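Next up: a single chain in structure tokens, the form deposited in one PDB entry.
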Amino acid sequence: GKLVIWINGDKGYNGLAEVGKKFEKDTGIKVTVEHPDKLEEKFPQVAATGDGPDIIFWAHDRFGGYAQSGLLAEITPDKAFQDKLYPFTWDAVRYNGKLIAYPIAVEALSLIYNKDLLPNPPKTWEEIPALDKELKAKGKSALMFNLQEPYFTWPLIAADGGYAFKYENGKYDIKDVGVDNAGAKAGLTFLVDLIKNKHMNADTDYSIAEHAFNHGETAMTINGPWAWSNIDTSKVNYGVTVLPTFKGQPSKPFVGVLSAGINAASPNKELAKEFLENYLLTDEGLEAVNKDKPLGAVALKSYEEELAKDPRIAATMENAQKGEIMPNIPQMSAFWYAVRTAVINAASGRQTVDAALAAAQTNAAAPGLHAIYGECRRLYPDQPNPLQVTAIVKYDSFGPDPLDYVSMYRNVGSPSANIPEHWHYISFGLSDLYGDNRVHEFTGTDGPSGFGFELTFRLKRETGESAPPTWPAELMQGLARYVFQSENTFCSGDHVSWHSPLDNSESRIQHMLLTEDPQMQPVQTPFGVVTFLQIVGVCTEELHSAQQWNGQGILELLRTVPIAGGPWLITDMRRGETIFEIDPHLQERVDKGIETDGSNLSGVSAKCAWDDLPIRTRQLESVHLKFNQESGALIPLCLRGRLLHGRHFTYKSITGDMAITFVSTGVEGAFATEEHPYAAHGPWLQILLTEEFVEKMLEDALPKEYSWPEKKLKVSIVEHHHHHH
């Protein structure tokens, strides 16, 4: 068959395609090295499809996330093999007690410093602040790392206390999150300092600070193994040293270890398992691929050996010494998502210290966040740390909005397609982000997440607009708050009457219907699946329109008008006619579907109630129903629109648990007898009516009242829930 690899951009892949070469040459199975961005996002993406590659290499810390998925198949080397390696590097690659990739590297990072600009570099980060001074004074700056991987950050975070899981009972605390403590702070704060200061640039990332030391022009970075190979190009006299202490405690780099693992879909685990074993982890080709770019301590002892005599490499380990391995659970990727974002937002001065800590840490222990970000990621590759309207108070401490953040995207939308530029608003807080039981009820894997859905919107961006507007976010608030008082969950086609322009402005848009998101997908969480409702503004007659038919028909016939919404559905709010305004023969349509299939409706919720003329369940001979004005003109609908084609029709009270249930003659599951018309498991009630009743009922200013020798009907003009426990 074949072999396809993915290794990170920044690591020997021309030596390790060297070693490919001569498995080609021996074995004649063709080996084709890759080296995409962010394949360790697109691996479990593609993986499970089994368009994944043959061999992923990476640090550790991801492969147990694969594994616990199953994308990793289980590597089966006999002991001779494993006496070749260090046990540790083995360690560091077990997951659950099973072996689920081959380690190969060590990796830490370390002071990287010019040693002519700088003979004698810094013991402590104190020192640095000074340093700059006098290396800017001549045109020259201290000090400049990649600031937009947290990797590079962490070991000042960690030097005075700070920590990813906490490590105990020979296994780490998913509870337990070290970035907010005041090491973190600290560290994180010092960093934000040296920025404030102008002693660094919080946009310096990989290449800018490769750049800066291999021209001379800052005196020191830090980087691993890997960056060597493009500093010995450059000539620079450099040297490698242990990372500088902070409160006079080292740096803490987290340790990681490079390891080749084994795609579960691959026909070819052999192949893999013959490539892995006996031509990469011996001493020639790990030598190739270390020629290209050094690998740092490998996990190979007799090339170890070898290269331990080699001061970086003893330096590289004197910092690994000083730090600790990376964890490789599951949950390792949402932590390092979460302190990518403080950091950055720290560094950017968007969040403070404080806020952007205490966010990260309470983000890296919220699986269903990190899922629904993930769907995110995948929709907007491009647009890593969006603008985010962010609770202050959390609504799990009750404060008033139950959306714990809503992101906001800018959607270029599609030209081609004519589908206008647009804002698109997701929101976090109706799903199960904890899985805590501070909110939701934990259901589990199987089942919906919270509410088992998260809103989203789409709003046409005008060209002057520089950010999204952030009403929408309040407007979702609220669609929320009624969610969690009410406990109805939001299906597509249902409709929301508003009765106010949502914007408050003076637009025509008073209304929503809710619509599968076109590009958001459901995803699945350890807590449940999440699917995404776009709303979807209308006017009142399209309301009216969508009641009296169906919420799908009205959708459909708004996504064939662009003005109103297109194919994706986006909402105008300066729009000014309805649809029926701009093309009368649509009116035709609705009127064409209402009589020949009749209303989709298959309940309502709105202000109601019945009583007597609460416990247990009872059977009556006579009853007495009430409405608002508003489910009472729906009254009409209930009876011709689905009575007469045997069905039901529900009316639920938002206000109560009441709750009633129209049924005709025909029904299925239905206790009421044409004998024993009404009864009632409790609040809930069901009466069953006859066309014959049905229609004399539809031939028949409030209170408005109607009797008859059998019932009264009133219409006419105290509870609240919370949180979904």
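Numbering follows the first chain given and starts at 1. If you superpose the two forms and keep the largest set of C-alpha atoms that fall within 1.5 Å, you have the rigid core. First, how it differs from the form deposited in another entry.
- Candidate set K394, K322, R640, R94; criterion, C-alpha shift of 2 Å or more between the two forms after rigid-core fit; matching residue, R640.
- After superposing the rigid core, the C-alpha of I579 moves by 2 Å or more between the two forms.
- For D160, the Cα coordinates differ by under 2 angstroms between the two forms after the core has been superposed.
- Annotation for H681: C-alpha shift of 2 angstroms or more between the two forms, rigid core superposed.
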Contents of the next structure:
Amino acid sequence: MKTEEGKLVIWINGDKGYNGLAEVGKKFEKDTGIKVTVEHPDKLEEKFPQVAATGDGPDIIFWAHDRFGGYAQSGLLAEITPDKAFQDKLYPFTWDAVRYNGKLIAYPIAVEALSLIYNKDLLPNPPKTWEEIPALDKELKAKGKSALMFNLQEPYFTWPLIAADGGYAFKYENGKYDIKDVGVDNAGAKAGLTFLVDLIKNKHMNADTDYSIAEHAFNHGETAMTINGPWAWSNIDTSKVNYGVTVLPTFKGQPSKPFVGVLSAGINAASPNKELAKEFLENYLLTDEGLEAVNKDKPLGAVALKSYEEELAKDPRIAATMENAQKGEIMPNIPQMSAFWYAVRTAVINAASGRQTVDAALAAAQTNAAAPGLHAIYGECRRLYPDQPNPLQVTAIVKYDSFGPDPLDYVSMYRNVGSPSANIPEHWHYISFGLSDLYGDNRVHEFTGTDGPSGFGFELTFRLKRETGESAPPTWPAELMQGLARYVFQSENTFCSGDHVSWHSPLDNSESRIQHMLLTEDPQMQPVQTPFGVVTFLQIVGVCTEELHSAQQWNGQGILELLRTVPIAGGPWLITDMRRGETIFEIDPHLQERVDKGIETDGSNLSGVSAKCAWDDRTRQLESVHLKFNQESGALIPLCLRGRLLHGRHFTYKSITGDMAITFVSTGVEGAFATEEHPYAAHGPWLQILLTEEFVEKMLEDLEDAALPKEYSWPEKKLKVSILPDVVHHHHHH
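Starting from the form deposited in one PDB entry shown above, please give the structure in the form deposited in another entry.
Here we give the lone chain, stripped of any partners or molecules.
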């Protein structure tokens, strides 16, 4: 039982008639006593799903219908249950628009479509074609004016042109959408966007033009035309500009196809006020007086409510709205629409800016829209960088699924301001895409469904100290990441925090002393759930050979902590400074003593290493054994023996090329199948050999590396160090 009064929090976009809605709420409060608070937060379509998870979202959310299926699929919307009479009061197509999986998930409010708006004084006869506009602009330019200005930051406004010659979102056939058939990279879409980019190239439009600039331009009479919706008209009236609303220009002898939106009001599933919300929406808003109150503030367009529609249908602006809505298509409401919108937004901005060609932009958008794992990761990125919607990205020209050299399809580069209070410097943040399962169609990775690791289950990241004067992030770390990715795919070994990676060249191909890498959990990036699995984020940390050796001999985690305690060497977020000239040991002499104390008392943390090695003469015992290593692995043999066997621990060399492994074991440890009685044993290519403390000590005495090939022998066994005979191949995760 509830002994309390409810309330209503309402979200509506800032370009809509929210004061009129507040007036309808004021009337609701008068009649009912229930307060109604109308808010118009920025990015409310992105915030709503964020806040609903906290339980702090509104009772009612207004938006175009295309977003609501995603919210619904995510369980964020209450099913709406109007009786037949009320359903009868609104047009069937709009109910259709607000229908998801056989349920009504919102109340439809109004039909929106873009139209050509034009200044009758500057232009008494508006152009019937897009092709006319460049010529018209020159004329208007002669007298200090422009032909057309509109919002190029939202793909919504450019889409009518893109769709004109045959661009589409998802193909509608036999009552449903095909989520893999996307029409953004077809000739018609390329043609439309190419036309837009040509308009910008020839200086008839500017790529940076946004909503407010276009609005100011048209409302001050600085531009002859604009493209906008009904909501925009109230402000034009105020400007006292003599304007007309007409059909959008044709492209290639075809009508522009704007996406038709139905302004809809959904009820939060977590709301304790669903009835008050129903009452408000049905009996107060969706009436002549309510919609009139909202429309007076900012025109809604063609309202779903018949009575007010016949009343507003007289308006030739609404007639024009409906002509353009008619010639266009209603937006799908399927969940994949937000990924699709992100994809198209980036393509239009990048093509218009000249950052990318139309072909590359739309190809990425086409692939991008069909890509859930990517969209999940991008989601995390967006959470981290609200300020940077469009990052600089390194894109693989030929993708890995077609056997291009680079397995990371994309590498995003962000500018991270760090924390000046925390003494964390500014730096560039690289994030990779490809080691996880982006697309889930098994082109590169095996798809097993939700839960478990997505692809290898992680993505690589890197933090590079920003140098003074640097306008953009350097791109070499991307190639570095590609190298690491190539290793991961070929070797089949997943990376873990605490691991090290011997590279043996300065990472940036400079003279830098940073020639090696440690791997740790990214300090900011949180693991993500994708339909294809979970993704964690492994940050790369550049180190000196001395530090690598210390990580090997002692442990990686310790060295990482030391690196955190020394800011110029990493700090809390373990940022890499390629120009760093001293090891942490040169910075604090005594610290080395701490490692040395650690090594002698605790030994090495390294369970094993992947290296060039082999062994030779179904569980099998062997009378003789012959072990083979390369120099580097050979240099770790002393670590294996002294560092672990003498501490009652085991050590494993695993070959990356073959399926072989060699595990050194000492007396005890239970788990070993190698007994002193039978020293050498093998489970296939896995070889386990048991060595005694006495023999370990003796072995340590014998080994002092010398020129190759170098040979060691005993009556039972031989040990070779070789010049990389070890040679000749796995692709993908198939």
